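What follows is one chain in structure tokens, specifically the form deposited in one PDB entry.
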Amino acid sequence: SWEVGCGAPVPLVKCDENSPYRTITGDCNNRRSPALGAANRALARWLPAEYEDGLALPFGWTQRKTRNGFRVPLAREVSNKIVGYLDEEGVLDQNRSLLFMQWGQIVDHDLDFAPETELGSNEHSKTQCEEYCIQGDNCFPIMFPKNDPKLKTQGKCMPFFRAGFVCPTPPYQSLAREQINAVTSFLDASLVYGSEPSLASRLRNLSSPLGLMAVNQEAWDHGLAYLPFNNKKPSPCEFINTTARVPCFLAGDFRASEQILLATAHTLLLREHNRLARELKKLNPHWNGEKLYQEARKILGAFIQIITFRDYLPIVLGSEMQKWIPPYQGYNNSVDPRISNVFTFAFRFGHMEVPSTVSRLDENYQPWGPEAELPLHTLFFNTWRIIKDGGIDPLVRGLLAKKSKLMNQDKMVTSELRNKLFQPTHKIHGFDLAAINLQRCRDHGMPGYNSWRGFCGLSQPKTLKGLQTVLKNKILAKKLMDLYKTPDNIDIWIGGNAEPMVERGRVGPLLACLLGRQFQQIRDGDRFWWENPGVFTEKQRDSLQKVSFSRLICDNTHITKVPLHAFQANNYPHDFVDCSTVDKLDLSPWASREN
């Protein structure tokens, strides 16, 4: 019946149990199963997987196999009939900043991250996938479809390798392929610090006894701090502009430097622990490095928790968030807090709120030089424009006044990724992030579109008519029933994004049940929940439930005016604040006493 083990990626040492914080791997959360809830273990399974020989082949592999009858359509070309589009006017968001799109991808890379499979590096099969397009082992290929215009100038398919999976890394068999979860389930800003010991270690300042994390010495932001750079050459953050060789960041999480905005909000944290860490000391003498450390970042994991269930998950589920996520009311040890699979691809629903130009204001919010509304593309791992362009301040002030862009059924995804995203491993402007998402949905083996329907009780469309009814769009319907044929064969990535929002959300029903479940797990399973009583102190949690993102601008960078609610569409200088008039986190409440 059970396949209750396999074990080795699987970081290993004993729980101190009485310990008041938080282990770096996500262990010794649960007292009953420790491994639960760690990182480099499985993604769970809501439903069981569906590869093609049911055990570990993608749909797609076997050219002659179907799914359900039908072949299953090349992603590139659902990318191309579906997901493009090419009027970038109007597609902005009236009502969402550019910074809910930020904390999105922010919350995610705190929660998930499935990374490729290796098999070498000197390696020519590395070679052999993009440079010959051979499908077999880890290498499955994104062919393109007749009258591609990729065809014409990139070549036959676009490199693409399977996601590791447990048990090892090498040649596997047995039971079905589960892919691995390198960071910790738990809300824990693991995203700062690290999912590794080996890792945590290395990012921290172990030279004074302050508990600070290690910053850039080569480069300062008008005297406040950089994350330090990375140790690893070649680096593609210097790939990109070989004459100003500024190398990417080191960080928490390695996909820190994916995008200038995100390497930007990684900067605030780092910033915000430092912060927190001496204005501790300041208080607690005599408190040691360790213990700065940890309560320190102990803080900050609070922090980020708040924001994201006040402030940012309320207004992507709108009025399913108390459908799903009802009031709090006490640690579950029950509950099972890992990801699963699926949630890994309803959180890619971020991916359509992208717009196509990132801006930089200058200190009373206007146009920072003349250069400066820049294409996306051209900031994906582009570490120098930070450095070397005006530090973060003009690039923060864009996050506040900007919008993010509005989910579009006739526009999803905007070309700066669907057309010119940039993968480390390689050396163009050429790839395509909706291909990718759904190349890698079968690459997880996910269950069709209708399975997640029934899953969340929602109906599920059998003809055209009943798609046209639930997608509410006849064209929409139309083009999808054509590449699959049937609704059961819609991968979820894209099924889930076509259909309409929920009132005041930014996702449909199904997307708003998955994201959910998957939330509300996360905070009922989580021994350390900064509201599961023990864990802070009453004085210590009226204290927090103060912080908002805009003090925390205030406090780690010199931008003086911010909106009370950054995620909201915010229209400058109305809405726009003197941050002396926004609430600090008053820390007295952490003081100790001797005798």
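Numbering follows the first chain given and starts at 1. Under this definition, the rigid core comprises the largest set of C-alpha atoms superposing within 1.5 Å between the forms. First, how it differs from the form deposited in another entry.
In the overlay on the core between these two forms, a shift of 2 Å or more in CA position is seen for a single residue of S201, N284, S459, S174, which is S174. With the core superposed, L12 shows a C-alpha displacement of at least 2 Å between these two forms.
Mind giving me the form deposited in another entry, seeing as the form deposited in one PDB entry was just shown?
What follows is just the one chain, with no partners and no other molecules.
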């Protein structure tokens, strides 16, 4: 029944068998099926795609075509009715540092990307979608409902383009449309080094034979590195301030400069890599360039896996952590490590942890200057506030001392992102991340909220009352039921995020199920997982077991006052200890006597 498979726009797969390092494309991780968990392959489908025409059109494309008997609500109306809120007071998460939100976006980025289809450069098609809001082909305009304030100041719609899809990049009509995952499903640091050989090398500094990742030669941070700029025009980091004229950064992942704190976390990672490569050279001066890069790359990948799985995942999953992520039992080659399509949506829960402002803090963690605190939207693709305004050291203090937004049923997504998002090649701070998310669900042909509840062994509410009992919220149930006239139709994104938080965790039962499963697969089906016997030496594993985000800060910034548990709420100077009382990553176990 299920064919051997389509694979036109994907090259050859030739796997070096002795190779002890990962490939940049992620290819060859799994021996029996070497394309599993590799960039540029279709996202996996845990459940059949659901499309309007059961092939490729998204629901809500043909006004006359209903879903389960009903019309799907406009993405922006749902957003306006449910997602939006005015009052930023009392919305901070008392037990999560803002670093909690940041680590989430870092991991999400390392895992999946599903970029839009290409048909817009040297073609004005991109402007024809924007200008006349005509739905066609890839252009899938997010229309404004009747009472929208944006109707008055912005037009009839918000531009939107369908995500790219495997095999043909013009419409094919036999198997359902499968979108592409442009990065490697492995927690490999793809976001630091690249997912394409072509990027991966450019990012490198091949001049010196020291295995360094190339840095910015135009500007520094107290003698500390900055990612190289990307000299591709037009640049949104230039468009936001045309007087400053500072371009976006060049990183392993394309979206690195979308907001200043991600740009910031990317800055810390590159530094650790360089810091590692210099430390290794000293111990093993005989090591060639490649070895230094690979060994360094290998370590940072382990670092991300420990932080994410030991410190991050448990505070996201809490009570459900063990249920889906039992302690490691070793590599299983029968585990599918490909990121599933719906996970790329489950993981957007992070969007409700983004608060309306960002601050810069001095050495006693106090307001750094006149405008230490800034509105989040002035930070989208803002690179000049880092180079021209104090380095990352101030911003990394805000990441430790401020809180993330708490998910709230009456306050889901802050307007900075809801009304004011900036998208490249478009001119305004006037977009909606919520609306986009919803439209993306439909574009990916996502099954409704009950299919996913079914998928997780949870009940499937069919009535208003049924929904209320699940969400533990009358008014929220009433609104959803008014917009989608049946739970069966609630877009997974808004659906999963409406459930209350499970104990000790920051997501509901449905997302804990979907997230947990994926991460469990990420770990168990990855031949190069740091704790998988034989990847690192038992001694090395003991060295690694001691890493901490605090340590990464201390090593890569001039901050000497960090908390111990980076992800929880920590105030200064009480919960802050000197860096010396914090374990280091002793790299001695990497000495290589070959005499």
